[PDB]
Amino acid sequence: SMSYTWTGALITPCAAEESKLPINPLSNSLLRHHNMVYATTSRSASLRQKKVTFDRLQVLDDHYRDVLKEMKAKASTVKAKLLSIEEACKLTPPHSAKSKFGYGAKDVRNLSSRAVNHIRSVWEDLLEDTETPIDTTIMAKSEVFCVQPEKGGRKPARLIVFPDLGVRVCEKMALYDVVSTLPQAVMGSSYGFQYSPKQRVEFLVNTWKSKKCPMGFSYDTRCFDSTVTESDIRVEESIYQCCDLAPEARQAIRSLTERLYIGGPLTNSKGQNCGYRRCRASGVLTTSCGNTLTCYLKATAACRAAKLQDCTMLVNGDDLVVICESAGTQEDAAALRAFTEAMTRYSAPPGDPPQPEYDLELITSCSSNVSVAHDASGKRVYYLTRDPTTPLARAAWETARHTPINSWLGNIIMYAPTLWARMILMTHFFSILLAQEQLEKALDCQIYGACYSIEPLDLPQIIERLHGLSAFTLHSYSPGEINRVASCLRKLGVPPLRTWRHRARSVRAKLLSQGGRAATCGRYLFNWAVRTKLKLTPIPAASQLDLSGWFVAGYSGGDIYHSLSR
């Protein structure tokens, strides 16, 4: 079975597309080499299709079935709720793509009669029609990155596939509770999205330490969605089916599984049939959960086949990292060879062969890695970092062009503890906000795939709640880590780290002599920039009325929104 079949019609864009970074009178303050930044467009959709299109051979053995059951027994433990039309409407983001039936996200969240009437029929249809493939739209995703060291090396557009708005709301009523609860229940501490960065770190380390002689690695499959089979999707459904569900929920899931999740026809923006999918759809509510479960299921089985000792995994979508007891170098190399031979068999071959690692700071996953620093008292603190090239490039692009979702904000949140996050991002953006007094204007950013509405003035609280205070006092980052950041600044033409020490004192000052919420931002966010450092006390309101539901589950491509946590 082929992951895709193409009729020749083009993946077309729904609007015009900006691909280059125009000469900015403020972004150059950030990055000077504009020709290094680029956003993906329809033009490269075909290169993507070729990467994404191939036959799938899958062989399932005893360990796989053994693991399936263990997972199912756990899922058996869950009672999932049917979400009401209203609840699901609220979960829809304000700029979620509009329906082909004459209403948009706004209409849906406002509970328009037209919108709710269509949703109801889409739901009724889920109960009356058990087999007709549901229409999906295929588009090229616009994403900004830095040119490849191979000079002019570019990533082709990634393809996004999703059903009409109406179906999406139905998916929510039918599966939102499930997709928010089953992953943990089934994978325990192995489910990654349940952890804030601070927790993901605690869990990696306490695990690494828990080993007499630790050996670890990260695994990532070559274009995972395409590797997901119809079989894999039905197994996924067998897992969902073990929950106690309402009758209509149970049929909605069952119908959604055959009509949408296993495959369906592909339609472009001009309304033409581009082909057919027989693999995971990037834009359905189940794709995060589905991928984690499938990833976890295959990997657990692979461990037992490769006979790895005391394996402990952490899974996020298709992002896998396993920490086991080293059984000797030579030994370890053969185990990963086997592990991979098994993953490949289960229909999930690697992008790059996994390398056994013996230094936790050396294992990278989710595009991130753990690093060490020291706090106020110099007590070796641990945190999560990542190469800053893509983040800095995106910050650049978001500066020259108001985009709907502001990744820089998100990166500050998740990476607040980091060197680059504090010294460049925090500095750059707080002066831009200062200038236009956009401190109060809330922005949309996403975490683990769900879009969140956030007020910059609340970063101290948020940062404090998530990383602790050490996030405001880390000071002796690793050589390795500092070298990476500097090397990257050179690559992008971003002014060296010390140039930023300067900029911050200013911004901060212009933030202390501002009072209120703005002022606090000034005291806590740039304490690394002032000569005369003060002693930061736990923020009152922060570790208080600060909302949650933030690190419960992944919703990438799931059309999820929350306007909580100020």
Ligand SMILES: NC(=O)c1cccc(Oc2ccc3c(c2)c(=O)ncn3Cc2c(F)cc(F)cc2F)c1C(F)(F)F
Given for the second form:
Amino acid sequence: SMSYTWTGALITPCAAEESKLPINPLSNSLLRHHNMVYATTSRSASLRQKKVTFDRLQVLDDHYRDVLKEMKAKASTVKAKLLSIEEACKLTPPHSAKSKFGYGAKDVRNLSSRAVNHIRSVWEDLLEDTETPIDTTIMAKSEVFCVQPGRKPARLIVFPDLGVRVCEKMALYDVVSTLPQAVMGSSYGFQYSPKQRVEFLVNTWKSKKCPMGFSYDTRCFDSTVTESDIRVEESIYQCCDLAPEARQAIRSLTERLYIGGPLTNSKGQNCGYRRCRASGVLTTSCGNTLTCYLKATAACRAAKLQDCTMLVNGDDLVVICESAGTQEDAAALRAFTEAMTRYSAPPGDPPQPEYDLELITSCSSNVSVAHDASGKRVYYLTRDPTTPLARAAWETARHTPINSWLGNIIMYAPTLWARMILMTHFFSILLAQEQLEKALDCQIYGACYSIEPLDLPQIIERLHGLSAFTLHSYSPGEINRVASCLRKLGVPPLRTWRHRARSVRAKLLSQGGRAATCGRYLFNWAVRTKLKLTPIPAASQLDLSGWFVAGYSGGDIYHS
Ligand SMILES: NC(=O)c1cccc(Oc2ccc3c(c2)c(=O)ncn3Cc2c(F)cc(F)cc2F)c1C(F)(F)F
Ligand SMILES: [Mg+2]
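Please show me the structure of the same protein in the form deposited with this ligand bound, now that we have looked at it in the form deposited without this ligand.
Every chain and every other molecule in the complex is listed next, the one we just looked at coming first.
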């Protein structure tokens, strides 16, 4: 069927949309070519709609069914708990979109009588009505990027009302938080911190006689998800031990929301119908991961690829297997794509066989290689720094809800660019404004987390280890990329940052306390007479468990 059907009503913005990087003194410090940075707006919605709208072709086979059963079998071991209204309410981000029924996230988190009362009726309605399509809002997503030799048309997010969202959590939070791992095991990507992901990719790579890997980019995965895919996804959830009300809720949510439903713009106009995966629901991440995993695993058997290890993060897929030879691999890969195309997962860019782990891009990142104080090779996760930097500038010139830069510093603490540029730039600003103590919100695998800048040293050592503060001698490949990026964006070169870091480090050291700790560990690369960095006491006191359990992008989740 058609992924989408449009009435003609436009995807409207519910507020003024900013698309250009303002000429700000502070942003200008980080990057000079401000005209290269842009934010997508609803003005590009039609370009997207045309890209995501098409008929889906899907032919299933024996391999798909075999793998599906294997998956359900693991699923049968899961026992999911039905969250309470209070629990699910406590998971709602403070900035979440208000309900059109007289309340907002604030009232939800405060267990406001009005909110709760409405959440109850919505739930009661899910238990009674198994058919009525639940309404959803469609908005153009506002994201920041750098221009390219044109521009990316805004992505379209689709999400139901606040009430329904709390209800999703009640019935499915525990499930989407535990089922993926139980089913895919080591292959489930959101369970790993950046360090563990590299570990897994490196060990997996070395477990092959002669490794061959490739990333598989599905063309607009969300609109390639069929009603069949979503029901198959429910059949997997249905294998869990569920409370009676949770089973019905899931059965209803599937038919009324997850498989499709009416689309409404910000003005209340009927935009069209959706027959594919909505981006703004709680099951989006789990569902896509399961679907991507299922199709890929069946495609591997069908394609004759040997000993295929999957690492799946939602629609993002990486595959590592036993090479069978250059020509045999090219053939096998093409066969893999045909199987995937039949499973309704056509490729965007044709996949290419890789024989060098550092050449595979998954989750926009890749495994590189540097050295620690001792001088031994240390693997770590990195990526092209264009977008992170572009967004850093943006978030520097404008008050933005989520600070992707803070999230990038954490996820990419050991990289050349995050340490040399992100930490320097931001700490410098925070110190100049005396905000080193204000906690900031950021995201990790979709979930919102409140973090204090001064705590970064602990978090980094904990997530990455001490080597993140001593890495050096990066690969020529990683260096070239950072170099080109800076050249392209008009970002000051190494020397400029070192001088700035040397200044910040000193200023932080003079403040003592946690700030001094920031200056000693974060900026140890700036000095000649380096300090002897030892494990930070409070690092062992840290509990970053809930940080890397599952993916929640689009799920509207907040881990307090
Ligand atoms: N084009 C440039 O501006 C430019 C010019 C010369 C070199 C260069 O790469 C660099 C810069 C510093 C480097 C290395 C490579 C390295 O391999 N090994 C060590 N240091 C010191 C260093 C470090 F260990 C970590 C850190 F967090 C900042 C640092 F300073 C660059 C760049 F953009 F970083 F890629
Ligand atoms: Mg974990």
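Take the two forms, find the largest set of C-alpha atoms that superpose within 1.5 Å, and that set is the rigid core. Positions refer to the first chain, counted from 1. Residues that one form lacks are left out of the comparison.
Only one entry in 547, 10, 14, 552 has its C-alpha moved by 2 angstroms or more between these two forms when the rigid core is superposed, and that entry is 547.
Superposed on the rigid core, the forms differ at residue 518: its CA is offset by 1.0 Å between these two forms.
Core-based alignment between these two forms gives a C-alpha movement of 0.7 Å at residue 25.
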